[PDB]
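Engineer: Based on the sequences and whatever the hints tell you, model everything.
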Amino acid sequence: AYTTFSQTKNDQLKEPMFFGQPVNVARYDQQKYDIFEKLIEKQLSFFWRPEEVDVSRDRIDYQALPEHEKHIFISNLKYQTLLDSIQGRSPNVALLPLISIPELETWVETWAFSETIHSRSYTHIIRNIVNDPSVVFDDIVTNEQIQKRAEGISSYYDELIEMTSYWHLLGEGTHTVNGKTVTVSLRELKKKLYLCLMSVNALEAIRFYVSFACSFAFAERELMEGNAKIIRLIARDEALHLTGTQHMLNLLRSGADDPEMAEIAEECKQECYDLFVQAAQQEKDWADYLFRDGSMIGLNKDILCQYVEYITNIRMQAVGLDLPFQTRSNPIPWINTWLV
Amino acid sequence: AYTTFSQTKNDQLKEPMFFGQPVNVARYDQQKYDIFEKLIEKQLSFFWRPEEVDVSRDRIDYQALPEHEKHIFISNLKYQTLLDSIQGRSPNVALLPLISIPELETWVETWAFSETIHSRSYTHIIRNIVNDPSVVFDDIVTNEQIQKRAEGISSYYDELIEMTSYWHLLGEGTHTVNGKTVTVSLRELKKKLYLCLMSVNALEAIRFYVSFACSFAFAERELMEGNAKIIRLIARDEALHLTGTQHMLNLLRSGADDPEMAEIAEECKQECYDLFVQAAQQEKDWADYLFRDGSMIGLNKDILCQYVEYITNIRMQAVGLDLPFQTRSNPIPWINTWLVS
Ligand SMILES: [Fe+2]
Ligand SMILES: [Fe+2]
Ligand SMILES: [Fe+2]
Ligand SMILES: [Fe+2]
Ligand SMILES: [Hg+2]
Ligand SMILES: [Hg+2]
Ligand SMILES: [Hg+2]
Ligand SMILES: [Hg+2]
Ligand SMILES: [Hg+2]
Ligand SMILES: [Hg+2]
Ligand SMILES: [Hg+2]
Ligand SMILES: [Hg+2]
Ligand SMILES: [Hg+2]
Ligand SMILES: [Hg+2]
Numbered sequence: 001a002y003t004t005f006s007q008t009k010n011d012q013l014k015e016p017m018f019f020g021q022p023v024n025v026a027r028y029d030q031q032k033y034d035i036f037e038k039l040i041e042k043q044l045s046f047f048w049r050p051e052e053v054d055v056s057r058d059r060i061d062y063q064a065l066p067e068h069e070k071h072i073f074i075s076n077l078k079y080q081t082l083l084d085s086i087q088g089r090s091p092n093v094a095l096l097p098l099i100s101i102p103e104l105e106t107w108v109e110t111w112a113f114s115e116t117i118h119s120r121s122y123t124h125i126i127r128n129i130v131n132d133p134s135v136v137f138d139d140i141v142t143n144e145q146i147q148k149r150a151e152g153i154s155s156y157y158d159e160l161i162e163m164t165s166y167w168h169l170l171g172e173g174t175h176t177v178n179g180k181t182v183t184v185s186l187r188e189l190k191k192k193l194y195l196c197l198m199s200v201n202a203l204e205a206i207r208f209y210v211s212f213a214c215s216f217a218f219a220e221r222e223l224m225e226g227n228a229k230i231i232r233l234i235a236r237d238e239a240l241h242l243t244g245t246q247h248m249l250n251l252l253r254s255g256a257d258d259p260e261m262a263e264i265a266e267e268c269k270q271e272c273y274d275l276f277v278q279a280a281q282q283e284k285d286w287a288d289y290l291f292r293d294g295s296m297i298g299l300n301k302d303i304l305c306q307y308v309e310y311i312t313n314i315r316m317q318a319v320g321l322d323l324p325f326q327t328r329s330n331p332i333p334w335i336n337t338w339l340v
Numbered sequence: 001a002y003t004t005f006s007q008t009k010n011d012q013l014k015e016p017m018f019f020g021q022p023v024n025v026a027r028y029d030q031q032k033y034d035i036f037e038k039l040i041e042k043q044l045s046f047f048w049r050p051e052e053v054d055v056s057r058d059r060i061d062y063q064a065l066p067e068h069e070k071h072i073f074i075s076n077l078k079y080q081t082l083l084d085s086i087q088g089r090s091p092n093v094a095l096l097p098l099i100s101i102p103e104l105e106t107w108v109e110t111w112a113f114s115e116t117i118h119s120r121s122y123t124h125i126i127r128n129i130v131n132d133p134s135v136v137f138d139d140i141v142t143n144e145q146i147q148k149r150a151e152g153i154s155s156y157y158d159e160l161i162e163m164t165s166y167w168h169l170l171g172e173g174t175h176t177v178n179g180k181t182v183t184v185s186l187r188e189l190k191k192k193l194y195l196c197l198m199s200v201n202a203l204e205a206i207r208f209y210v211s212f213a214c215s216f217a218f219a220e221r222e223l224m225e226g227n228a229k230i231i232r233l234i235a236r237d238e239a240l241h242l243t244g245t246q247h248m249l250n251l252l253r254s255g256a257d258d259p260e261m262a263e264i265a266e267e268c269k270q271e272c273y274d275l276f277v278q279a280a281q282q283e284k285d286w287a288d289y290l291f292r293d294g295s296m297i298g299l300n301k302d303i304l305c306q307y308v309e310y311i312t313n314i315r316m317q318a319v320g321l322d323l324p325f326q327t328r329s330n331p332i333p334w335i336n337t338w339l340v341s
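Line by line, the protein sequences are chains A and B.
Each residue of the first sequence is one higher than the one before, starting from 1 at the first, in the working numbering.
Each residue of the second sequence is one higher than the one before, starting from 1 at the first, in the working numbering.
Please keep in mind that the hints were generated in silico from the structure rather than gathered at the bench.
Incorrect hints may appear among the rest.
What the hints assert, rightly or not - Computed beta-carbon distance windows for the label pairs: (1) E41(A) with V340(B): 21 to 29 angstroms; (2) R187(B) with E51(A): 40 to 48 angstroms; (3) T183(A) with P259(B): 38 to 46 angstroms.
Even for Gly, the Cβ is constructed at its ideal location relative to N, Cα and C.
Structural biologist: Written as structure tokens, this is what we have:
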């Protein structure tokens, strides 16, 4: 029931962001939500190319690094690779088939495309600092710690994807597939979408920012300044990404779009809360793998942990959720220097 | 069966382009087929901003045009808008779930992204030549002439997406769904992918080139020069897209990547030929209508029909199909000034 070009002449200003008639014409002259058009413009305005960035000296710096420092740096980079590897394909595979307004459709495509540039930049960094990158890259999929810190991301997406397919193939209802009952409830798919988005908002808003803190730790010590310039560029982009997911989330909950979506946001509020808690906890646990051969004189599981509670509280509130952690001031405001 | 992050450690250098294990790590330090990385790099180097082109004088030119000419121009722009609407989303929805090598996955995403910049450029143009763009945009979907000329593009994509869903959900086999039998065959899914790629190759190969001729016809005459500059940037990107689809089809039929696929392509050859020919035909039928209420200055149904035969022959040969028409030299060599590729 999905079509790459729906044949009904529909007023795109009146479709819901999701689950409406699939987008036919891509026009940008009017928007139901101008915020998406604005993000597209900003993101295109920020277009940059990694290879332009000079990381020549980062090879020296890295080589000079104490092994536990190299381990920290690399582990962090491998996590970044994982997250942008997923974020490069996921929004397109999971969201495009559900979007019903053109401005959001293109935003998603621009957002996803920008994640591939991030992925390209890690390849640029890695090949410029190691001897065989296959070592770093081959250690992502099987790094239990990595998969432990990243656990659950591929899950929201894949389930959202599976249900959307059944919904497109069979339509709403209960069906019999190979002698088994399969229920396709649209309310339920909306709930899986709502949850995937919140999960992605956490990924964009917290998982990356935590990784930035490590990256910048080195920069403040005047090491790996190429990587840092890249990270700043990447960070500038993820900021747009999170602005987009917060908006989607907030608009859905305001009930101004699909009203059933606002009742759903309501029903699943504890689930939303729980996943962020779970995410924030996974990042803390990472601290214990990062600091295995030891920490640095500017970063340890403690500061890490505090920054994490710090940022999580900021994000959860941005999306109207209750704060799980004790309020505090930025445990590392120098980071705000690079952050911008 | 589709996963956004396959947990199996796999050698990405030995997966087939399609139908293997879904890509997990996005790395560009190595590739099975470097054409895809090369394509990504050139496309990134070609990045351009529509709004950066002055289209301010196109308004009076368009206003000054004769009605048969406004019609030809606008109709052509509507068709471009349609093709890029489809190509901005389809390669992503249709191919991403089936790609098993990273360079190809990222190319497809980069390719589709570039098509959205083309779409944004049409809004830039349209907003600058008409008082109310809705008049144009609200007529593409149901315009008889446009659905006719575009006929079948979406269907190839939609059927492939549908079978892919069934394949990922139920796996290969004969199954039941609501009292009816639903057979799922990888070989058939492989054939639908080949035909859909053949179809997109024709879209990139000929459907856009016919449209370029029309727009550049106005630029030769020094009219709608803002639109021309945009179309020229668009044509440069399309040339890369076409290189991509050609390499994908040639790698597929050759047997080097997927032997079964090679067998399948040989068996649907006539089918591939017919669809290519049917696309050429539609472009001709378009030009027939287009020029019936009056023909533009420098281009007419006839020269246009010859150009279609001329590119069609070149494009068909490039992916191993028999030439369907009479061998001739280019009928509008002036087009080359505009096609920088
Ligand atoms: Fe990213
Ligand atoms: Fe992002
Ligand atoms: Fe295009
Ligand atoms: Fe294209
Ligand atoms: Hg999601
Ligand atoms: Hg998700
Ligand atoms: Hg660090
Ligand atoms: Hg950190
Ligand atoms: Hg929720
Ligand atoms: Hg919520
Ligand atoms: Hg297709
Ligand atoms: Hg296709
Ligand atoms: Hg023309
Ligand atoms: Hg074929």
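Engineer: Hint compliance check: list the failing hint numbers for this structure, sorted ascending.
Structural biologist: Hint check: nothing fails, all pass.
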